[PDB]
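Asks: Whenever a hint applies, use it, and build me the whole structure from the sequences.
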Amino acid sequence: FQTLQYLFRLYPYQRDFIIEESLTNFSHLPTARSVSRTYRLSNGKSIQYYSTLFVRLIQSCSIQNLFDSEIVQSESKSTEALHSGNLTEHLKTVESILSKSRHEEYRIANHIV
Amino acid sequence: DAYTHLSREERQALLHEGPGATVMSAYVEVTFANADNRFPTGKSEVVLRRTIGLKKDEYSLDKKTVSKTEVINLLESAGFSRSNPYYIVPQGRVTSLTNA
Amino acid sequence: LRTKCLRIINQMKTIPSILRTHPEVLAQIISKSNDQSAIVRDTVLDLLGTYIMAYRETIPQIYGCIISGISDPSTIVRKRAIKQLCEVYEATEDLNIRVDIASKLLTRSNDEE
DNA sequence: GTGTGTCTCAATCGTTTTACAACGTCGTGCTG
DNA sequence: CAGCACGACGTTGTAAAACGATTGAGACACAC
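Chains as they are written, first to last, in the UniProt record's numbering: chain A, 455 to 567; chain B, 51 to 150; chain C, 795 to 907.
Possibly wrong hints are sitting among the right ones.
To be verified - On the chain C side, residues computed to face chain B include the following (Cβ under 10 Å):
id : residue
1  : 904
2  : 905
3  : 906
4  : 907
To be verified - Calculated cross-link-like contacts (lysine to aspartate or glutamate; reagent style EDC-like; alpha-carbon spacing at most 16 Å):
id : chain 1 : residue 1 : chain 2 : residue 2
5  : B       : 106       : C       : 905
6  : B       : 106       : B       : 60
7  : B       : 106       : C       : 907
Said to hold, decoys possible - Label pairs and their in silico Cβ distance ranges:
id : chain 1 : residue 1 : chain 2 : residue 2 : range
8  : B       : 111       : A       : 510       : 46 to 56 Å
9  : A       : 517       : C       : 877       : 48 to 58 Å
10 : B       : 127       : C       : 826       : 46 to 56 Å
11 : C       : 833       : B       : 122       : 30 to 40 Å
12 : A       : 502       : B       : 122       : 37 to 47 Å
13 : A       : 567       : B       : 127       : 49 to 59 Å
The hints are simulated quantities; they were obtained by calculation from the structure and are not laboratory data. Built from N, CA and C at the ideal position, the CB exists for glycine as well.
Replies: Okay, structure coming up:
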């Protein structure tokens with residue numbers, strides 16, 4: 455699942471395709487409780503390890519990593535009067551990126567749910 | 051196989067009506083000392099019982115309260131006969147299997 | 795669906811404090827104390843037991859919808875209503891309601907089941 | 001050593017078929 | 001010869017015994 459997550463985050467041109475089978479194998483699972491419970495958690499609970507695959511894919515979900523290098527400047531001195539130097543629209547470029555995060559997370563979440 | 055197509059007054063006709071107290075349910079239980087004639091040979095002393103209330107009946111095995119079809123199949127695998135059995139003759143009915 | 799909802803709320807909230815804000819909703823389930831479904835009857839008897847354990851000050855006006863279940867055809871309602879009368883008997887202190895527990899107990903000394 | 005979480009036993013609410021009891025249909029046995 | 005009686009015989013519309021799919025509640029675990 456580590457490799458699957460890396461390929462998910464890095465190569466989106468077939469990002470769907472892995473999903474297309476990751477749930478299919480979900481049909482062939484232990485159908486009883488004593489076998490489904492597996493590797494314990496830190497807070498003291500036991501889960502089925504195959505379940506961590508689903509969250510792991512959206513754990514990647516192409517989170518942005520170019521946090522910097524979108525505005526001419528860092529913070530000003532008095533933002534409560536005017537965004538001096540920095541551009542608010544440049545600060546309002548994050549939602550473009552966040553649209554690639556937000557409006558794709560549910561898009562992946564609804565192929566599965 | 052008798053007392054099957056019973057009804058309200060039938061499933062009441064076979065209780066005891068007396069002055070002691072109104073009786074609700076009745077039960078009969080027999081004890082067989084089989085050897086291997088009955089199939090579950092793991093039990094050397096099989097026991098059967100049938101309880102009857104005014105609105106319930108339950109067959110059973112050794113306190114195992116199974117349904118009717120299973121005790122029917124059990125008695126069928128043994129050398130019994132479901133319908134009117136030749137080895138049983140009721141009152142004055144002895145001229146049975148000589149004029150049918 | 796009406797069976798499911800009242801079956802769910804029997805353990806859902808674990809806090810009868812919802813009925814501290816919705817006594818009209820409590821008034822809804824009081825009306826269904828005489829439904830034909832023997833399954834929903836006990837649910838009302840279980841919920842109404844729980845409501846007394848915490849919100850204790852409703853001993854009198856609740857009490858009526860409790861003993862009304864002991865004289866019922868189903869056994870589940872009777873075998874449940876009795877055990878709630880146990881808890882109520884200790885927490886209550888008015889002897890005048892204690893006697894009403896006893897008279898309704900001794901009357902059910904003999905039963906069909 | 002104490003709470004865990006999973007496995008196994010009892011009522012009840014639609015269906016289903018299935019035993020049962022009423023009703024024409026014949027066929028043998030007589031009597032005029 | 002023919003007409004009456006009558007008694008077994010085969011359909012047919014039923015009500016009830018029974019049937020399977022739901023729930024909740026005791027007894028095995030563990031595993032820190």
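Asks: Which numbered hints are broken by the structure, listed smallest first?
Replies: Going through the list in order, the structure violates no hint and respects every one.
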